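> From just these sequences and the hints, can you work out the full model?
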Amino acid sequence: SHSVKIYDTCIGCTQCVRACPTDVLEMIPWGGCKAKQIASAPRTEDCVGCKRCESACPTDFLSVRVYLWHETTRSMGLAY
Amino acid sequence: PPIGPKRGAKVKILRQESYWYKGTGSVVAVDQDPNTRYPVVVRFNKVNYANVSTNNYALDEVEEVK
Amino acid sequence: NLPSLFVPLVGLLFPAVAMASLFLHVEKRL
Amino acid sequence: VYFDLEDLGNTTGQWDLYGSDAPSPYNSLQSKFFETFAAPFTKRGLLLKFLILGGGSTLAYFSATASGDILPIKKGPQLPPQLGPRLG
Amino acid sequence: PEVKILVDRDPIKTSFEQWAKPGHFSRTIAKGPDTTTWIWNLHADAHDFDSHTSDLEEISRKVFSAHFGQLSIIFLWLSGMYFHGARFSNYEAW
Amino acid sequence: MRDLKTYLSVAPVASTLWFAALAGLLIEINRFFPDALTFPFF
Amino acid sequence: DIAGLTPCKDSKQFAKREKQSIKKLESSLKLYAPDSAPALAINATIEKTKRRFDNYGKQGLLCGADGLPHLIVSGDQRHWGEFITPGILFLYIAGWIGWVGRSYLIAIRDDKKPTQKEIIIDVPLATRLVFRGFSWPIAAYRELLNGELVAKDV
Amino acid sequence: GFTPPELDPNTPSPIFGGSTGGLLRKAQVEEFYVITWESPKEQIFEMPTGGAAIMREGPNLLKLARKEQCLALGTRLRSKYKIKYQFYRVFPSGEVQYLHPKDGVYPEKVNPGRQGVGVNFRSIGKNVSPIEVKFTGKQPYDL
Ligand code: CLA
Ligand code: CLA
Ligand code: CLA
Ligand code: CLA
Ligand code: CLA
Ligand SMILES: CC1=C(/C=C/C(C)=C/C=C/C(C)=C\C=C\C=C(C)\C=C\C=C(C)\C=C\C2=C(C)CCCC2(C)C)C(C)(C)CCC1
Ligand code: SF4
Ligand code: SF4
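Chains as they are written, first to last, in the working numbering: chain U, 1 to 80; chain G, 1 to 66; chain E, 1 to 30; chain Y, 1 to 88; chain Z, 1 to 94; chain R, 1 to 42; chain V, 1 to 154; chain D, 1 to 143.
It cannot be assumed that every hint is accurate.
To be verified - Taking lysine-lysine pairs in the DSS-like style, the calculated list, with each CA pair at most 25 Å apart, reads:
(1) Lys5(R) x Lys13(Z)
(2) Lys46(G) x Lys22(G)
(3) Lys22(G) x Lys9(V)
(4) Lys21(Z) x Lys5(R)
(5) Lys4(Z) x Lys62(Z)
None of these hints come from the bench; they were simulated from the model.
Put into structure tokens, the structure is as follows:
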């Protein structure tokens, strides 16, 4: 499965989770920014690797990263 | 005491992966709350590749320049 | 005479055997 | 019902749509004929070897014994060899 | 259900004010360029009317007048062909 | 009026005016001084 | 002469080219009444041809075996009109254009919306600045010495 | 504390004539997915695969081929209509795995019972160079 990571530059705007089309990401509590929340990728086995989350991140540089990795039926988006 | 540079001061971005690396920007507000890992808010003259013109940086990633 | 033996040998028999064998190795499951 | 966690083959459409399931329309004696005669070819590994070596040697045979009346390549050139642009 | 002539008077004011505001039709493009990509979008979206507004009546009015513009250009082009036929042609000798 | 001068200052229009002037100039120069592989006046 | 070439004034092939060109245009000329306008046009092309070859012969161009001018760009002082002199003219004009454009960009860079004047030209400012290019070599040399030409630590 | 609602079969499915966009052999031998939702009425909705179907008043059950189809349809149900949805993964053994909303809370809303996964506590530019993890199985972002 593709690897997905979050970096502590995250400001907790929730846009990566809102963008994700397979529900890979969540918002968890954290004390490092004002929004008091940081993203997380607990379901990367469903990650298809489209990088909509990365398109959604406002941090410079990104705080989500999708490292495309070992392919599976789920990561290739196959309905067959 | 106030932490970080004065608001309105010009700072040089030291974050190597920043679009504005080795450039300058203006300080907006420095979040005085500790445990905030990147408290300095900088606005820039030019948008980056994500059409964003502001970003937060750590205290050791900004260098006040006059 | 010899080309009439070895041209079909390496142009027909050898590719058929190699393709079938590689097919088996590639489809195997351990 | 079309959704049942007990039977997913029905739930996921795992059916034999055109499978007859009827008994043999082939009468016997015909069946025993082909069962005894095609039996040596029902071992898949053995059949593979018989086909590769049998067909390979067959090919080698019709290739080695081909006649110029069939292949121009065995017949060879029948004309006086021409002359190159400047050379032979 | 009684077919009839229907128009509205003076919907859009004839002015050069929006001639001077590039991308006036788009709320994003009208803000002007931060990057060169702006310049391309201004031209790719210029005739995409149903992206400028969601009101079918405005879109239909733009379409109609645009067709007039096209026909004007076609008549100017035919004027060119006949004029060149009269002034710069060998059509009588032919 | 002010808006029209503004429109005439916009990139494509200023470009057509500028290059049209440049083209007329270069055409007339090649009309009075045609051919010319060299700067003959030394 | 240089590079084994011969002056075009001394080249048989060059004169053969002028001859064949002129006779070609005259072959076209035989088709039209001499008072007609096509005739006058072909005569004008003929006079322009003679002017062309006569000028190339005069100004000292060397010819190849092809009967065509070849340019000597080595710097040999007999042929500065073929490159070095038009080259200095070019560098003057190009330096003018670039220096003026740079002057404009510096002039609008501290405006409230700089891009606004990049897509809609401030023609008064441009007219003010165009003639700075006349003295661009002195201006750019003085800037190079003063340290205003190059941005610091870039 | 949250208890996932169990998948109730015999839940009705939307009114639909069938399409070539539905399940294949993958659902029989590998896995498929099921999305359930509560509707206030009978509505027309666009199917993520075929054309148009009629959402039934009350509980709706819909078997889809991929998780992304469930999440797409659910996104639309929550957007165009105002409908709560859940969906599950279903294996050919009959086993069911509740998937979404995992907490009973949508994942874009921070919920305190959630544990960090794949979170690296550093700027992205502080990842090491590949040479420093060479011949080790690790990747510089796995740290
Ligand atoms: C490796 C270079 C090489 C190349 C490119 C060729 C190319 C060719 N050979 Mg030749 N051949 C070679 C080496 C080579 N040969 C050697 C070393 C020998 C032994 C002295 C032969 C003896 C030979 C005979 C008797 C004949 C050909 C023939 C031919 C032509 C038809 C192909 C064929 O019949 O299969 C080639 C047949 C072989 C026996 C080649 C195998 C010889 C060695 C052991 C190669 C190693 C093969 C190995 C198992 C796989 C390695 C893959 C590859 C790198 C070689 C063809 C143009 C036929 C011909 O002339 O048709 C008009 C023909 O009758 N070859
Ligand atoms: C040829 C077909 C065609 C037609 C009929 C239209 C029609 C229209 N366009 Mg479009 N356009 C076209 C081609 C066309 N355009 C092309 C090829 C491009 C480049 C991709 C554009 C890009 C474009 C943009 C960016 C915009 C439009 C807009 C418009 C609308 C403005 C109407 C208006 O105010 O009229 C104009 C009134 C006139 C009297 C026209 C005369 C203008 C002349 C040409 C002045 C220029 C003279 C200049 C000085 C050259 C002389 C120098 C000399 C040396 C030759 C209109 C419906 C605008 C709009 O609002 O969108 C809805 C708008 O913003 N168009
Ligand atoms: C491929 C190597 C090479 C190079 C680099 C040169 C270079 C040169 N050759 Mg040579 N040549 C070569 C090969 C070469 N040659 C070979 C192989 C042969 C044998 C065929 C020749 C034979 C040959 C001959 C016979 C002669 C030359 C001459 C020259 C010089 C002519 C230009 C000049 O006079 O100064 C430059 C002229 C100027 C007017 C300078 C003004 C231009 C200004 C500086 C530029 C303008 C920029 C702008 C306005 C200001 C900048 C501002 C800034 C501060 C920002 C020149 C330095 C001639 C010579 O020696 O000249 C005296 C000459 O006699 N060449
Ligand atoms: C009467 C027929 C007609 C009409 C009214 C439309 C109308 C429209 N089309 Mg369509 N279309 C047509 C025919 C038509 N099209 C044809 C024949 C094709 C096949 C190519 C297409 C393929 C097509 C595509 C793929 C798209 C559209 C799009 C659009 C919309 C945006 C137009 C725009 O602003 O672009 C602005 C116009 C330009 C930027 C001009 C571009 C300059 C061209 C590419 C070069 C022309 C070369 C020139 C003739 C020769 C060289 C001259 C040069 C050297 C000076 C618009 C509503 C776009 C859309 O988004 O839809 C909403 C879109 O993506 N159309
Ligand atoms: C017999 C009546 C009549 C005639 C002849 C036309 C003719 C035309 N119509 Mg129209 N139209 C009519 C009635 C008519 N219409 C009605 C009843 C409706 C529904 C209410 C429409 C609505 C309609 C739309 C929405 C559009 C057209 C368009 C067109 C043009 C299509 C392109 C073409 O073929 O160019 C060929 C060119 C010619 C034949 C040159 C002659 C054109 C003359 C000058 C016009 C004659 C008819 C005109 C309506 C008379 C009214 C003038 C008066 C009110 C001052 C064309 C000229 C398109 C358009 O507007 O293009 C600009 C278009 O978008 N028509
Ligand atoms: C002489 C001669 C020759 C030679 C030459 C050479 C060899 C040269 C060299 C040259 C060089 C080696 C040069 C250099 C350069 C460097 C640098 C470093 C640069 C710079 C520039 C700049 C800086 C610019 C600026 C500007 C201006 C001034 C104007 C416009 C704007 C701008 C900004 C662009 C030949 C034989 C060919 C020919 C004959 C003559
Ligand atoms: S790459 Fe796509 S599927 Fe994977 S986490 Fe990002 S948005 Fe979700
Ligand atoms: S887009 Fe970036 S800043 Fe926003 S929640 Fe996702 S990781 Fe955090």
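> Confirm or reject each hint.
Here is what the structure says about each hint:
{"no.": "1", "hint": "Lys5(R) x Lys13(Z)", "result": "holds, 19 Å"}
{"no.": "2", "hint": "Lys46(G) x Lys22(G)", "result": "holds, 14 Å"}
{"no.": "3", "hint": "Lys22(G) x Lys9(V)", "result": "violated, 63 Å"}
{"no.": "4", "hint": "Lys21(Z) x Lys5(R)", "result": "holds, 12 Å"}
{"no.": "5", "hint": "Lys4(Z) x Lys62(Z)", "result": "holds, 21 Å"}
In summary, the structure is inconsistent with hint 3 from the numbered list given earlier, while agreeing with all the others.
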